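Participant: Make the full structure from the sequences, and use the hints.
So the chains spell out like this:
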Amino acid sequence: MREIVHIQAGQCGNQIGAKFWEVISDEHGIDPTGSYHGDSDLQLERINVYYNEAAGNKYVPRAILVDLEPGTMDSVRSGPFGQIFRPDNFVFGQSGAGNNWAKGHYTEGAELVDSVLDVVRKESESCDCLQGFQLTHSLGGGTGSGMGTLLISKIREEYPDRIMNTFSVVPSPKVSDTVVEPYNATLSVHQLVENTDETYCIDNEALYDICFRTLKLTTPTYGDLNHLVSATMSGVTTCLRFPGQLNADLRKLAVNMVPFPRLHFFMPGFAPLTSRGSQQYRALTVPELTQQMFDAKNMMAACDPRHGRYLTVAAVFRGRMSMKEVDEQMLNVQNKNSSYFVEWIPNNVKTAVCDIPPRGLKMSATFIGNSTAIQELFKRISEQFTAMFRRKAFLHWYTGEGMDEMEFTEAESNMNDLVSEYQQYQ
Amino acid sequence: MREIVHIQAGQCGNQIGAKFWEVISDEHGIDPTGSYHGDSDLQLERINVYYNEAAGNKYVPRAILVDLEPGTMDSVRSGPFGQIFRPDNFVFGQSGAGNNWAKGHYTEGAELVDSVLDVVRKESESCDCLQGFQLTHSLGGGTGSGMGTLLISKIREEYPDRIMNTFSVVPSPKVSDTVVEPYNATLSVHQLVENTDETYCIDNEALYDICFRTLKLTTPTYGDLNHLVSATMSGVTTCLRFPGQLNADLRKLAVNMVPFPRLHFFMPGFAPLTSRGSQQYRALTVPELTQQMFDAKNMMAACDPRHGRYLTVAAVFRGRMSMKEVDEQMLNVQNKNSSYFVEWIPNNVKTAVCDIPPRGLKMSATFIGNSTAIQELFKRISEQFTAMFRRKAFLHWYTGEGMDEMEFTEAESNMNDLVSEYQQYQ
Amino acid sequence: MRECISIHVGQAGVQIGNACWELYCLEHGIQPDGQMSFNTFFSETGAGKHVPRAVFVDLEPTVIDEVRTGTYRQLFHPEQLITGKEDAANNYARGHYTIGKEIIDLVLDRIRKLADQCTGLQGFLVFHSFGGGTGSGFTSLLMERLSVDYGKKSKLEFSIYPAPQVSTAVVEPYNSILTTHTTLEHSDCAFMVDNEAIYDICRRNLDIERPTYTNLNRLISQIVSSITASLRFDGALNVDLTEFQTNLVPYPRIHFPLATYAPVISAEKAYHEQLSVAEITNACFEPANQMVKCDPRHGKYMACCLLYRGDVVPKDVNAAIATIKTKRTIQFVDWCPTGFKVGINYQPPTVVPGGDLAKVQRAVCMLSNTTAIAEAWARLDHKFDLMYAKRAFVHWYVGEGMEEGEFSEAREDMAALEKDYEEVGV
Amino acid sequence: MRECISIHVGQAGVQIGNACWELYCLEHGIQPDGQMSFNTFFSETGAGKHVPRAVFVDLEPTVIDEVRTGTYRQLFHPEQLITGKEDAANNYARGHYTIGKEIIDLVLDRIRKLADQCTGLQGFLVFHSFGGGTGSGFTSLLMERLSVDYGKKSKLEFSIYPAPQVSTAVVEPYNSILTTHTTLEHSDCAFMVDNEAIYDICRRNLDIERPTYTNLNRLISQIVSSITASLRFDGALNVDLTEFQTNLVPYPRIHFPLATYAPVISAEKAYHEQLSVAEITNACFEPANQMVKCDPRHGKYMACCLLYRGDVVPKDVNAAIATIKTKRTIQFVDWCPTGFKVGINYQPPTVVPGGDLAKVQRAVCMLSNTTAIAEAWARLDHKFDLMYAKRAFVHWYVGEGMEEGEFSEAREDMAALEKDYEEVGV
Ligand SMILES: C=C1C[C@@H]2CCCC(=O)C/C(C)=C\C=C\C(=O)O[C@H]([C@H](O)NC(=O)/C=C\C=C\C)C/C(C)=C/[C@H](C1)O2
Ligand SMILES: C=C1C[C@@H]2CCCC(=O)C/C(C)=C\C=C\C(=O)O[C@H]([C@H](O)NC(=O)/C=C\C=C\C)C/C(C)=C/[C@H](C1)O2
Ligand SMILES: Nc1nc2c(ncn2[C@@H]2O[C@H](COP(=O)(O)OP(=O)(O)OP(=O)(O)O)[C@@H](O)[C@H]2O)c(=O)[nH]1
Ligand SMILES: Nc1nc2c(ncn2[C@@H]2O[C@H](COP(=O)(O)OP(=O)(O)OP(=O)(O)O)[C@@H](O)[C@H]2O)c(=O)[nH]1
Ligand SMILES: Nc1nc2c(ncn2[C@@H]2O[C@H](COP(=O)(O)OP(=O)(O)O)[C@@H](O)[C@H]2O)c(=O)[nH]1
Ligand SMILES: Nc1nc2c(ncn2[C@@H]2O[C@H](COP(=O)(O)OP(=O)(O)O)[C@@H](O)[C@H]2O)c(=O)[nH]1
Ligand SMILES: [Mg+2]
Ligand SMILES: [Mg+2]
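Chains A, B, C and D supply the protein sequences, listed in that same order.
The numbering of the first sequence is full-length UniProt numbering, which starts it at 1 and goes up by one.
The numbering of the second sequence is full-length UniProt numbering, which starts it at 1 and goes up by one.
Letter by letter, the third sequence follows residues 1 to 36, 48 to 437 in full-length UniProt numbering.
Letter by letter, the fourth sequence follows residues 1 to 36, 48 to 437 in full-length UniProt numbering.
Among the clues, some could well be false.
Computed cross-link-like contacts, BS3-like style, restricted to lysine-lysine with a CA-CA straight-line distance of at most 27 Å [to be verified]:
#: 1; chain 1: D; residue 1: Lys280; chain 2: C; residue 2: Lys124
#: 2; chain 1: A; residue 1: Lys336; chain 2: C; residue 2: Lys96
#: 3; chain 1: C; residue 1: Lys96; chain 2: D; residue 2: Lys311
#: 4; chain 1: D; residue 1: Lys336; chain 2: C; residue 2: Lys164
#: 5; chain 1: D; residue 1: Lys96; chain 2: A; residue 2: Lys154
#: 6; chain 1: C; residue 1: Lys401; chain 2: B; residue 2: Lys379
#: 7; chain 1: C; residue 1: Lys60; chain 2: D; residue 2: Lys280
#: 8; chain 1: B; residue 1: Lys122; chain 2: C; residue 2: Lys164
#: 9; chain 1: A; residue 1: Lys379; chain 2: D; residue 2: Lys401
#: 10; chain 1: D; residue 1: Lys326; chain 2: C; residue 2: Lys124
#: 11; chain 1: D; residue 1: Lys336; chain 2: D; residue 2: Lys401
#: 12; chain 1: C; residue 1: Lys280; chain 2: C; residue 2: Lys370
#: 13; chain 1: C; residue 1: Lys163; chain 2: D; residue 2: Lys336
#: 14; chain 1: A; residue 1: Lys58; chain 2: D; residue 2: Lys96
#: 15; chain 1: B; residue 1: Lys58; chain 2: A; residue 2: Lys362
#: 16; chain 1: D; residue 1: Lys401; chain 2: A; residue 2: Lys336
#: 17; chain 1: C; residue 1: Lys112; chain 2: D; residue 2: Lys338
#: 18; chain 1: D; residue 1: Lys338; chain 2: C; residue 2: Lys163
#: 19; chain 1: B; residue 1: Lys336; chain 2: A; residue 2: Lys297
#: 20; chain 1: D; residue 1: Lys164; chain 2: C; residue 2: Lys124
#: 21; chain 1: D; residue 1: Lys338; chain 2: C; residue 2: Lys164
#: 22; chain 1: A; residue 1: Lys336; chain 2: C; residue 2: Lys112
#: 23; chain 1: B; residue 1: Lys297; chain 2: A; residue 2: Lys216
#: 24; chain 1: D; residue 1: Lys338; chain 2: C; residue 2: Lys124
#: 25; chain 1: B; residue 1: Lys154; chain 2: C; residue 2: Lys96
#: 26; chain 1: A; residue 1: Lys362; chain 2: B; residue 2: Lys122
#: 27; chain 1: B; residue 1: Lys58; chain 2: A; residue 2: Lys216
#: 28; chain 1: A; residue 1: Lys336; chain 2: B; residue 2: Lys122
#: 29; chain 1: A; residue 1: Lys297; chain 2: B; residue 2: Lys154
#: 30; chain 1: D; residue 1: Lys96; chain 2: C; residue 2: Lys124
#: 31; chain 1: A; residue 1: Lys297; chain 2: B; residue 2: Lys379
#: 32; chain 1: C; residue 1: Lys60; chain 2: D; residue 2: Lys164
#: 33; chain 1: A; residue 1: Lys122; chain 2: D; residue 2: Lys124
#: 34; chain 1: D; residue 1: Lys280; chain 2: C; residue 2: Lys112
Note that these hints are calculated values from the structure, not bench results.
Facilitator: As structure tokens, this is what we get:
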């Protein structure tokens, strides 16, 4: 088959991946021991995408765990994971980069990187047709941010025709979780943008809104937040993992959603989103499902999608439904909301349908927007970064590792070119 | 179908609506959980008018609850309602306007209004052919009066060709329930008159008479009073909700009952009205039913209908009966009572018949008069208002919110033009 | 087989149609699903499922929806049953412009399709009332389109005359004038009946207590039945619709005959009566059998027709006529010397099961044009004039695009036509 | 037996094929494993296991893999079911160069092998869409190879026209242009249908709520079924594919006929309809039965074909045609005087079990070339132009080796061809 390979980097990366791989294991009927127990044939039909069979039923997640800080994975494998994952894949040192990009990427991380890449090669050798690499990260967490960036540069060198993509948590526009989070982000981005095919942008703040207010969740922990992230990741791959009326492979989705090289930044949408109390008052139709998909409240990145224009929107549906119903409904939306779509692209919609639903939701869909709105998130980081950069706030931790001032200058300069491109198309 | 949408505003509005929606649920065989259980096909034939099916049997009342004072709805949804109504529709703040029109409409209410309108749009999108909006209110209660008025202005802007109408409790001519009730009324009216297609005028005093003396009710509570209001509302819509010899749609009724733009003020009549003790001594004929309809005692607004002339009278009958019998009887009435009908309109009667009775009353009818008599109610408010206005009684609560003296001047001036028009036609 | 088109417009038109086609099926032995000369109104399809030549147009879907649920659902074509969304609400401006536009094309394409189903297209009847929005505005629009597309074919319309003293809608006088004025140039002959006079007749003759639309309609349907019977059956003197036009229209515009029917009598009275040809014919000219409440002694006969059904022989007729002409209490116009075309059909009249008329061996439909009709004119001219003097309900059309002075001119035309009745009688 | 080749390319081509061959098996009584004139598409093998003349090519193995698991797995040849590794991801540069290279040789050798299985090779159909990478690029490569190796044989292709308002892929306009330009020189006639117009037709005529690929495809398959039926069965006027080319191609390059089918009606409507030869033929020229959303009244007919199936006799046809030609609302080009080839086949149409069409005794496939098609041209020319002006997604081909100005020239050719439609209509 076409195999995808994951990398997990950082606390953030490894934690998110923890539940992500749990979720997919559910999706295919795989038990916590790595032994396939599903009922339907489609449960394991394409299982090869994410799993390597190591005997009998042993199914091995195609994934590498990478962290300089050993307690992270220690907790992951303490959980209902450790025996799914093979110990060849736990690649970890014992030193934290302590939220220093300069460390996690550029200095110490490199040590670990070599052993990582070797495992990468192992997997890429065992793969039949290597379709690429998904890497969990926090854009501002030191080793998620940095270490991931280095791995990506290397892997892209050795597999330049493969789909490589990352799920990087963008810093919440209101609250910073790291004081230097703007540094970690801007640096990461410099190299992340040029060396990846796709990057997903997501904010914990937006997730909080979604959790607590839309889903009326009482105590929004990371387990539940990551539940949401795991979500949108799962859907994308249903394009590959399952058949459907419109099978749209990950590459095909990529091709359709990138109008221009470098603007590959995505704000996953979500449907349906409503708390259990309110579910009895609604009906999951395609109109309902799409109305959910076109909601600013269901935008998982903290950005108002009605700022500027949508360049491209991939509506990926899961479950049975009529193509007329869908097509028509999407077009109704595009007609009514035509002030939010880029005039450049006639038929600003894009769709795909896999004929299997997630989890027990009859209807589901996941919404991948690329709106010029997203520039605001880039501003967030730019602005914060800039202020600190002026005063050289916390400079001696990075320059302590040998990082150049011009490195940061060029990093922001490339985020400024990036936002400039968003404007030109807006 | 043609869907009507309701709004409920105020304690008064939400309380009245509480039982109204209960009543209709009975009318269509809908249980307290929102699940349709009726037997006849006509039970749900047109159910779409007031209900949106959210699954299986979930039927969703097409209605929005709006109140700045949260305890109101809290009590409603504590009752046999809360699980019919969907929580998307509970739109409420936590601050009372404290019977300040200026607050409920003009200042704080506006905050809530925005979220309300969004829900409005949701419903209007889900509707097939939007036939309009019924809004429960007290004309003198601060947030019923005010907040409703703002919602109406907005909705009429966004759906100007739709039938929008309100059920506003007019202040009892003897007893005031609010000291500033004349202010709340006159202001509301200013904007209510110009921005609505129909307004129903009803007095609790008149209802008391009807309850206690005509129906010999021992303890006339609001549950029983609202039972009466709920009543006349139900009938009107039977024109749409059910078939009949003369199906007269709400719009058609409106068209027939408004001789001139702005004089859309109605004093619902009622039949039959007699306590259970006396029912064995009478027979519900059309002559009986009409004699009931033509009684000042069965006029639910506190106004003697024999003051001046009837402009137009809509007799809407429910249940089987002969068209000759009805026609002839109505004409007998018009002939005998010809001193009470406006010479302007030959054939001052107007009729409609739906072939289903309410509740278990073989015969029933509801009487919608528009008599020049009604001017007295306008006087009531005008006069009371005027006196207070002279002394600037309780002025600093409204001017405290920023309300202009000329706002009140123009408000009364427009009620004076209104009554002047009633005179010209009288 | 020469076949005719039927159209039904408005609640009235549709209701009457209901009974009309039930009757026809009974007259040919056809089952409610179309299952078997009737090919003059039916198209035999592959299975013996004869389908009627009729198109039903209802903007207020409720009425036809009931028909669509009703037993004769099976019989009609889903493409014949043409329903809208909302009705004209007794507004000619919408029936003939705003709303009527929508469907009017849809319906015409049914009509053209059905006209190609046909070889011998002869006439087309249009059932409606004079004031119901659907019936009124819509009809004049339709007729104008059919006067283009067919133009040569017989244009027949049934518009119920708005009973002199008894009205249901207030603005009914408006609508009649306006409707009539328009359709004057597109209609070849228009029939008028009075619901009141009919009520009087139900009571008087049939010994009915209290008439309603059900039984009243059964009466009308039998009157029409005779007209068609001249086409549908063998008779000595078979009258084509083209004939009806030639003989009932003394003058280009006064084509407004009225028609009655005898014997109208209860099964009981039939045994105290010997209904001879002469007996019945005499009864036809009794002012109490006069189905429009316009006493024939108020004017002179401009024209006559006797559609005789059942056991009626040429001489008995001739002798009966001789008797009638001898009775000089029946005054007729100098203008029109001996014009008493008699039709005679052979086929007897038929009784509806559960009906209220005596099964008689012979019957006749009398039809006439009298100068006395000017009385009816006077009424409506004035009724309209009165309300127009006020502009009672004028805002309501004039907002819809209708012109002041258009209404004046329309009434002018009605006054000129009334003046033309005067002219003939001279 | 003259036999034809079928190729299926792309998800679309394969899906349609699925239904197509299910249908064929039903038309000959063949079981899903091939178990028994059909030898015109089948090869009888030793066991009565007839095997189809069709090659299925899918770079995205998922779709054919489903077919390979599906019930008709048994029927097809494992060497016919040719699957790749990854798809072109909606990229013509890969379909027609990078990736297409790989298989294209493998497939051709199947084709040559199968061509030696044959004696009477007549045509070869190619199912695909205009924009799906597999369908698009791959097809033009293939056709060029078949125009070498066979060249004399009839080259038939089915490419679904990218529905005017409704698209699934963003770059679909690109692909069509490029695909089309190329295949212009290698294809003898290309058919286009519109998924949208078809949806409209499913709803309108068949009374379908919400269409999807399943039922839509069943429709298409019956249209194709008739074409082949001229080969596969006895008919009065048996049409060979070579004929189709002679008569449907007025001009070397404009070979782009569109085709509809009547009766398209629910089993219910069939009883309120008598479908005569003339009835159906009339329906064939109704703009609402127009299976490409291009209203025929927007241009003139360049050519015609009537593939009649079932109980249809020469004169009824001749008379129906006479009627059609009489209707001068069907405008056709001066250039082409009487060209209305009619095919007639004897063999009736057939209905799919679990299908949605009325089982009719007679049907017809109308096929035509109209100047109105230029409209469709305009659309795509422009769509493409717009995005090409941006170079939206240009990096994506131009990295693959595609030339700027190649794209310009390709569109030039499409504009020249559109200009040629204009030329004919003159
Ligand atoms: C990719 C996926 C898989 C995850 C699975 C995690 C399940 C979990 O462990 C908790 C649970 C069993 C259910 C959670 C549902 C959920 O959050 O439910 C969510 C939300 O509250 N549901 C709706 O809003 C549903 C209907 C809205 C109607 C207006 C959406 C949600 C994030 C679903 C995701 C979709 O669930
Ligand atoms: C729109 C409607 C529905 C409501 C239903 C509320 C029923 C309720 O919960 C209490 C009950 C079961 C019956 C009340 C009857 C009623 O008040 O009865 C009333 C009155 O007392 N009834 C009569 O006067 C009846 C005969 C008079 C003959 C002279 C009229 C009344 C307001 C009826 C309304 C009509 O009932
Ligand atoms: N004879 C007879 N007259 C009827 C019947 N129903 C209504 N009418 C008469 O028709 C007139 C009212 O018009 P309708 O036909 O009911 O209304 P409509 O044509 O549907 O038009 P709108 O509802 O206003 O759009 C009145 O004069 C009624 O007396 C019926 O069943 N039989
Ligand atoms: N009629 C019909 N059209 C389909 C069907 N499936 C996809 N399409 C149309 O085909 C186009 C998309 O191309 P596909 O055939 O799905 O893609 P593909 O040929 O496999 O090419 P790639 O995946 O891009 O390599 C769109 O216009 C769809 O509307 C189907 O089952 N029936
Ligand atoms: N969504 C999500 N975000 C997290 C989680 N844990 C940490 N983060 C975010 O990641 C950032 C901190 O980076 P972290 O991964 O802890 O640093 P690292 O170990 O050096 O890579 C902050 O912005 C946090 O909000 C988690 O479990 N889920
Ligand atoms: N008919 C009826 N009138 C009420 C009810 N409750 C309050 N009212 C009237 O409403 C007015 C008070 O307004 P209220 O709705 O309580 O104020 P609000 O909450 O600010 O909108 C007084 O005239 C009361 O007589 C009720 O349950 N039924
Ligand atoms: Mg009606
Ligand atoms: Mg595909």
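Participant: Now tell me if each hint is right for this structure.
Facilitator: Hint check:
For the given pair, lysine 280 of chain D sits about 15 Å from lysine 124 of chain C by alpha-carbon distance, which is consistent with the 27 Å threshold. Under the criterion of a C-alpha separation no larger than 27 Å, the hint pairing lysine 336 of chain A with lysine 96 of chain C is consistent with the structure, at around 22 Å. With a C-alpha separation of about 36 Å, the suggested pairing of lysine 96 of chain C with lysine 311 of chain D is violated against the 27 Å cut-off. A distance of roughly 25 Å separates the Cα atoms of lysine 336 of chain D and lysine 164 of chain C; the hinted pair therefore holds under the 27 Å criterion.
Taking the CA atoms of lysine 96 of chain D and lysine 154 of chain A, the gap is near 25 Å; set against the 27 Å cutoff, the hint holds. With a C-alpha separation of about 25 Å, the suggested pair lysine 401 of chain C and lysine 379 of chain B falls inside the 27 Å cut-off, and the hint holds. Our distance criterion of 27 Å between C-alpha atoms is met by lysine 60 of chain C and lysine 280 of chain D, whose separation comes to about 12 Å. Proximity of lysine 122 of chain B to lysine 164 of chain C is assessed by CA-CA distance (about 51 Å); at most 27 Å being required, the pair is judged violated.
For the hint pairing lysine 379 of chain A with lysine 401 of chain D, the CA-to-CA distance comes to about 25 Å; that is within 27 Å, so the pair holds. The straight-line distance between the Cα atoms of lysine 326 of chain D and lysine 124 of chain C is roughly 22 Å, inside the 27 Å bound, and the hint therefore holds. Note on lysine 336 of chain D and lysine 401 of chain D: the hinted pairing is violated, with a Cα-Cα distance of about 47 Å set against a maximum of 27 Å. Between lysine 280 of chain C and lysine 370 of chain C the CA atoms are separated by roughly 11 Å; this keeps the pair inside 27 Å, and the hint holds.
For the proposed pair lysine 163 of chain C and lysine 336 of chain D, the alpha carbon gap of about 24 Å is at most 27 Å, so the pair holds. At most 27 Å may separate the alpha-carbon atoms for a hinted pair to count; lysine 58 of chain A and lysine 96 of chain D meet this at roughly 25 Å. Straight-line distance between C-alpha atoms of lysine 58 of chain B and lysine 362 of chain A comes to about 17 Å, which keeps the hinted pair within the 27 Å bound. As the CA atoms of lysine 401 of chain D and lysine 336 of chain A are separated by approximately 25 Å, the hinted pair is consistent with the 27 Å bound.
Distance restraint check for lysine 112 of chain C and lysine 338 of chain D: the Cα-Cα separation of roughly 25 Å lies within the 27 Å cut-off, and the hinted pair is therefore satisfied. For the hint pairing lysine 338 of chain D with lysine 163 of chain C, the CA-to-CA distance comes to about 19 Å; that is within 27 Å, so the pair holds. Distance restraint check for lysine 336 of chain B and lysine 297 of chain A: the Cα-Cα separation of roughly 65 Å exceeds the 27 Å cut-off, and the hinted pair is therefore not satisfied. The straight-line distance between the Cα atoms of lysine 164 of chain D and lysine 124 of chain C is roughly 43 Å, outside the 27 Å bound, and the hint therefore fails.
The straight-line distance between the Cα atoms of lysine 338 of chain D and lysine 164 of chain C is roughly 20 Å, inside the 27 Å bound, and the hint therefore holds. Annotation: proposed proximity of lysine 336 of chain A to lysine 112 of chain C holds, straight-line Cα distance about 25 Å (limit 27 Å). Taking the CA atoms of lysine 297 of chain B and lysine 216 of chain A, the gap is near 51 Å; set against the 27 Å cutoff, the hint is violated. Taking the CA atoms of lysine 338 of chain D and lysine 124 of chain C, the gap is about 13 Å. The hint holds against a cut of 27 Å.
Of the supplied pair hints, the one linking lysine 154 of chain B and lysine 96 of chain C holds, its CA atoms being roughly 25 Å apart against a limit of 27 Å. For the hint pairing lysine 362 of chain A with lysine 122 of chain B, the CA-to-CA distance comes to about 22 Å; that is within 27 Å, so the pair holds. Proximity of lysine 58 of chain B to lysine 216 of chain A is assessed by CA-CA distance (about 21 Å); at most 27 Å being required, the pair is judged to hold. Using a Cα cut-off of 27 Å, the hinted pair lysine 336 of chain A and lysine 122 of chain B holds, with the two alpha carbons roughly 14 Å apart.
For the hint pairing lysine 297 of chain A with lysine 154 of chain B, the CA-to-CA distance comes to about 23 Å; that is within 27 Å, so the pair holds. A threshold of 27 Å between alpha carbons decides the hint, and for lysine 96 of chain D with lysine 124 of chain C the separation of about 54 Å lies outside it, so the pair is violated. Proposed proximity of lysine 297 of chain A and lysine 379 of chain B is contradicted: the alpha carbons are some 50 Å apart, above 27 Å. Between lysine 60 of chain C and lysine 164 of chain D the alpha-carbon distance is near 50 Å, which puts this suggested pair outside the 27 Å criterion.
Distance restraint check for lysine 122 of chain A and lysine 124 of chain D: the Cα-Cα separation of roughly 41 Å exceeds the 27 Å cut-off, and the hinted pair is therefore not satisfied. Proposed proximity of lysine 280 of chain D and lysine 112 of chain C is supported: the alpha carbons are some 26 Å apart, at most 27 Å.
Consistency with the previously given hints fails for numbers 3, 8, 11, 19, 20, 23, 30, 31, 32, 33, ordered from lowest to highest.
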